[PDB]
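Only one chain is shown below, in structure tokens, and it's the form deposited in one PDB entry.
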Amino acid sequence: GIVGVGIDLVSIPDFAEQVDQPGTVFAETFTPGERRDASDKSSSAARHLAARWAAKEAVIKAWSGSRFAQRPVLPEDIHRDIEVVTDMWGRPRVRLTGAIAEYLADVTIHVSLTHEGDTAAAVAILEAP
């Protein structure tokens, strides 16, 4: 039934301060214009994009923390294999591609994001048929 769970918290200021820096895992998962507008800790860009990163991380912990997570997990093409997106109705959906996709081969991920003030959070649950 439940393969996994994850929870992550993220400081929006601290994230805003480090999201835009040529050579990070941010570069490999956010758009330059997304990293750039998010550089601004007072913009909604930043507040929203912190939440999306918190979902990504929550998903990582949920899998990592499972069995479906191999004993040498996590090479480092695992941040854009997991993609956290808004769906047509305004709701979060995870999109797996790549090698993680193949692990999590046949599992449903539910996710929820939230943000308040300078803090942003997410949790993700992994199910199994």
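Numbering follows the first chain given and starts at 1. Residues that one form lacks are left out of the comparison. Only the largest set of C-alpha atoms that superpose within 1.5 Å between the two forms is called the rigid core. What changes on going to the form deposited in another entry:
- Relative to the superposed rigid core, the position of the CA of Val94 differs between these two forms by less than 2 Å.
- Superposed on the core, the two forms differ at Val73: its CA moves 2 Å or more between these two forms.
- 68-75, 87-90 are the runs of three or more consecutive shared residues whose C-alphas all shift by 2 Å or more between these two forms after the rigid core is superposed.
If the one shown is the form deposited in one PDB entry, what is the structure of the form deposited in another entry?
Chain alone follows, minus partners and molecules.
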């Protein structure tokens, strides 16, 4: 049964404006080079990266909306234990580490991402067999 659902829309312009700032959570998900390239509103990098961020936030949203919210704890490591990459063709892939990988070890994560104009989007659905 479904155990969590998330959706997230990202402004590509607003994304590129803050994606490259130090200490932010962007630094723990994208490489400096990636953040540098994504700083260009009009680049493909910004578009693709914006879409990866939406994916990640969507999963995070699904997590916070599940039974794994209320614990355990440390809402700083979940933002860091979650990662989303794209494989050649353009399909999103969710990569887990830290505690979240353990707690969602038996949970299937379904994610999809898109982007158009000044916005990127994604949806995530947590499902247990």
